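Could you slot chain A with the ligands onto chain B? The hints should help.
Below, each chain spelled out in residue letters.
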Amino acid sequence: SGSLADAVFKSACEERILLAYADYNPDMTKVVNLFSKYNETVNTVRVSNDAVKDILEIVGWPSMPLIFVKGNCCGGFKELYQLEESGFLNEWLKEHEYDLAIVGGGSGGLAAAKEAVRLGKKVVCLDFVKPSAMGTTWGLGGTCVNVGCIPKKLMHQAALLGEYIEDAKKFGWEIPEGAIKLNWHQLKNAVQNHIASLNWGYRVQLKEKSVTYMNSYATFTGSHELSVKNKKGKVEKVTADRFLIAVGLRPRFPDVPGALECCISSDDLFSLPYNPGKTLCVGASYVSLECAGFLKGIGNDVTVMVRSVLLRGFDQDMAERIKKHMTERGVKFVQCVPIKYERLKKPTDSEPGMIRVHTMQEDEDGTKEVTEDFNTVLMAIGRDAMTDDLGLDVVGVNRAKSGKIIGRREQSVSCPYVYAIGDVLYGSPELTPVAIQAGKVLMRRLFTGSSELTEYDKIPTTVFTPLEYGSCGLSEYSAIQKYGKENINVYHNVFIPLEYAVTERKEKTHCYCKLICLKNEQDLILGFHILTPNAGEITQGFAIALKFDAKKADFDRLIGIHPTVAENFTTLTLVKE
Amino acid sequence: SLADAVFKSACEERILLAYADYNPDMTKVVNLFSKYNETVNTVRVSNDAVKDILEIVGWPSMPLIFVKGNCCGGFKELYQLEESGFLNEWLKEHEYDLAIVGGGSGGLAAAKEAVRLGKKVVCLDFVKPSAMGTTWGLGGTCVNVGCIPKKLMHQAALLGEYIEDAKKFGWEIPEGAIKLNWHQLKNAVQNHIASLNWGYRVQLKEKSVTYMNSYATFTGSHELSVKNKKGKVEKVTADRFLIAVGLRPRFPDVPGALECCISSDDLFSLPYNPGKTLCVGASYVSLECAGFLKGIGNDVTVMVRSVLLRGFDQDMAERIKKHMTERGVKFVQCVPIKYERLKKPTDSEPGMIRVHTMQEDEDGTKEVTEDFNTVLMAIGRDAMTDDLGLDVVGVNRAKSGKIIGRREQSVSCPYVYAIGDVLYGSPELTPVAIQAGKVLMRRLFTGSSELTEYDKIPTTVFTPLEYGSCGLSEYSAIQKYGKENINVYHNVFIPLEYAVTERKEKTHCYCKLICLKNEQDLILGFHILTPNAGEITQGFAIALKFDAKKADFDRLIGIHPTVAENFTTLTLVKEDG
Ligand SMILES: Cc1cc2nc3c(=O)[nH]c(=O)nc-3n(C[C@H](O)[C@H](O)[C@H](O)COP(=O)(O)OP(=O)(O)OC[C@H]3O[C@@H](n4cnc5c(N)ncnc54)[C@H](O)[C@@H]3O)c2cc1C
Ligand SMILES: Cc1cc2nc3c(=O)[nH]c(=O)nc-3n(C[C@H](O)[C@H](O)[C@H](O)COP(=O)(O)OP(=O)(O)OC[C@H]3O[C@@H](n4cnc5c(N)ncnc54)[C@H](O)[C@@H]3O)c2cc1C
Ligand SMILES: Nc1ncnc2c1ncn2[C@@H]1O[C@H](COP(=O)(O)OP(=O)(O)O)[C@@H](O)[C@H]1OP(=O)(O)O
Ligand SMILES: [Au+]
Ligand code: NA
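Chains as they are written, first to last, in the authors' numbering: chain B, 10 to 586; chain A, 12 to 588.
Keep in mind that the hints were calculated from the coordinates and are not lab data. Idealized CB from N, CA, C, for every residue including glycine. One thing to keep in mind: the hints can contain errors.
[Stated by the list, open to error] To give a feel for the contact side, a few chain B residues facing chain A, derived at Cβ under 7 Å:
id	residue
1	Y173
2	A177
3	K190
4	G550
5	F551
6	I553
7	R566
8	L567
Extracted from the complex, chain B is given alone in its bound form:
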């Protein structure tokens, strides 16, 4: 019998051209002939049948005989003849400046860059941030470091520390009385200082590890040619055997009068030179709610305008609960969608501007136009791939209707030497640790010939709302939609974190956890959901249960740590219905 996957995938990495076959199917001469044209030897592997099904499953091609070129799977002869007919194959076989060109200095980009060079490969990293419509820009690290997870969590923590001052008093700390205010200017500088240290850290790390970095915006001008333009306007050509597109997304604006003129975004909020003041958040996304949250927590009057539901994609039971709590915490929610934004005042520094927001509200006997004045309006409806000016048409990299790249796993489904990871990969969950993992693993497949795949199912999340929401697996609905109400047990409880027991927090009547189980398969766990302080820290480890098809019986036989919130998952007995 033939070879196994292991042997195939390493020989594919080692060898310049590889043909992997099962039976001596015709057209294999036709291959050797094709590469004859280019003075190229063609190595060869007889695979076992025992192994065909797996190998095809990994590389994502349908049928038995496979070509690999400089460690990239092309498909069958059908695919190969297109590359040659197009002239691509001739260009591809030529020596190139870099082993791998990475477009994007984000979570995935930097992860991939570090992992690649660890496997001794010549790598170039291109980061450039086209500025917000208000003209905001930033350093190396991408969305998370500069305008995402990092600043957001720090501003959440600020808002929590506010609620902690009040707790301090109930525990006996004699704090001088008088309203305590939050100075925005201090928080903002505090945050931006850390972002600076990260930016610098990442820039160092690349130099320390021998990775070329260019602060230049890149566009494909040939089959293996990026044209890259820097801040000055200087333009260079870069060449590589492989490309990774790790471009991520940018805040979405709606096609409304005054939107791009009058409203800030995620990109702008974390470096504002003024206290945002009376604030309107437009959108139901996790971003809208998370933000909306902390601004109220640092003392601002906050309003959230939604089109229909909060957190579309998340458990709408859990979403409704967040809304009830955030409501009791003085955030105002409304059904409206603005029809126009009008600027009344420009911000100075040290002072915000004034926006008039136009809505159309409905009574019993009429529909009539309404306005309300806010200091600052945050647009937070979505994030979109900005890939038009990339020249993916030049390399023939297919995109979805959204700007996202359609993959065979991380491989462009059209072009075999161009790959994509993180937010820009069609249907990739838009989370930092996913980009990083997808990057690290891909590099280990390409340059080591391992069969390791990133696990994009059962990913734990946390929404950093005023009272945090942690989740893993299916929602109550999805489970019922899929399996039917008669076959789903939901176990749940309410509870009071001990840290809140001697206080009069509104959070005391809102903490809730629940466990969603397949009744016909020993209460196998499909999902869990918790509303609590430190939801992030609780969820992460319990998420590993779903990598083992854990049953409710496994949760019940686990001994608790007391006193913690987490132990509550150890003692669920009440059934939802």
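Just chain A with the ligands, lined up with the frame of chain B:
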């Protein structure tokens, strides 16, 4: 035929004989019960189920007798019961199905679970007062003088460090030293304890459990004599007894120890600020307390004579000592040779103790004294079971007062059981007592074969910087498997909540993962030093119920930004530092 069927038959039936192949002397048994007008039901076990059944009940050989749902052993054991007159008394009707001695974690758990299975139950709690005369209500050690108050006083200490963080994040707090009022904290705490005490007392009445606030002693084979506070003495009778008395603080045979020093029992209800404080002992209790006492502003000293946290990973213990040292706690290897009272505590002010220590100078060794306001004895906790009359029912004890068990069954007496701290070699933890109680009741009254899982129990020490652990220490692992077969993976990190601060904790957070190299880095233990160690550890502990490998941690996607995600990216190997 199989185990299940045997154990249910045993629950259903008054008298059961289980055999595999009949031996003589089995008539001699049925003849014995004939004397009691008693039917003797009978079961043929299959050979396949023999090995399991013996393993569950913990007896060596084939033939098994069960009496009112309790396993007695073979004929050898049965003739003892009859020769002793115990068998005749046992078969008589009794007032209660189960008498529970102790209103603690296990006692109350057991009582609730028993009555849920529709059984007549009596619960006996009484608190013999501290040497200083302190007493308290229902709920036992955890509720009144353990986990609950301790965690609340820890939380107080943390909120202190949070005020300082609030300022670095931009909260304008009026400047001037902020002091903590002990009297407020103490009343805050004791109010919650009151609500718990009252809650539990109600819950028993709500659920139809008889509660007697009376100290119990065995005066017959099936008779407890119980004395209440007034001095009134009552007789209680039952078919079964659960002993769940737990432990009490240990004092040394040193002049003035009991006179001059307080304990855990006294500390959480002190009418005074403890002031300058000496903690005697290296136990988790000594350190946890020393911790929060320093955190609310007191001058704290810890006297230990040997290692810290004996039983715990001495790497992690050393790390805690350095941190607690940087936080102003003073550690000394002396052991007091006498305590002398200088002042009585009075008028919500503390007293003054003179502590005598033997030190070494250049040419010799000499006596020394130092003055503390308050000395807390944290040597350990011991079983106070002499005045229980376990000698009457012939319940064997270990050299310490703890009850020797066949699992939770007294090894000597088949209708007396023990759980929680007083059960020889039970880990002394609230969730263990509770589980042991809940499960036992389900075994006794349902005939299930479910065992409490006493291996791989997660803990957290609530030191100023929390320590969470599960599984083997790095030492145990090497002792057991040998250095050549143990991988330790580890890393340092900085919780984001601390990034913009000047906290000492920034240079002390550390996690590590202990792995069996020769079995795919199977995980034997993990250890983390961090904020919220309790909440992080709980879920990761379930990994050890599935023999998780390092490869399972690496393929888990993280939640960002959290501390917990650090376990998903360990790459560095400890090389004997
Ligand atoms: C407000 C907010 C909060 C978030 N909070 C969380 C959270 O709590 N947890 C979490 O897991 N995720 C969170 N996310 C999502 C997370 O930040 C992203 O999913 C992640 O950063 C994506 O990484 P990436 O490398 O794929 O893209 P990015 O992080 O966006 O990096 C892409 C980089 O490529 C650069 N680039 C783009 N085009 C070019 C070009 N032509 N040439 C050169 N460089 C180019 C971009 O400017 C950017 O520098 C949050 C996102 C936002 C907006
Ligand atoms: C300071 C401190 C901190 C702790 N922190 C933690 C922690 O953080 N996490 C954790 O998991 N564990 C912790 N523990 C341990 C925990 O308190 C015990 O493990 C747990 O309470 C044991 O419960 P139990 O049911 O075995 O006994 P207990 O809760 O001690 O119940 C025994 C009760 O029975 C009563 N009794 C005794 N004799 C008689 C009699 N003859 N008749 C009637 N009643 C009687 C006693 O007065 C007492 O009320 C801590 C302990 C202490 C002291
Ligand atoms: N007379 C004494 N003086 C000072 N410390 C003491 C003491 N007796 C016990 N301790 C400490 O107080 C702690 C509590 O004792 P313990 O009975 O719980 O020990 P262990 O947990 O090892 O069984 C122990 O760490 C013990 O340290 P040693 O192991 O060095 O004894
Ligand atoms: Au290779
Ligand atoms: Na008890």
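Consistency of the hints with the structure:
1. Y173: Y173/B check passes; min Cβ-Cβ to chain A is 5 Å, inside 7 Å.
2. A177: This interface hint holds because 4 Å falls under the 7 Å limit.
3. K190: holds, 5 Å
4. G550: Result: holds, 3 Å to nearest chain A Cβ.
5. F551: Holds, because the Cβ-Cβ distance from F551/B to chain A comes to roughly 3 Å (cut-off 7 Å).
6. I553: Check passed: Cβ of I553/B comes within 5 Å of chain A, closer than 7 Å.
7. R566: holds, 5 Å
8. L567: holds, 5 Å
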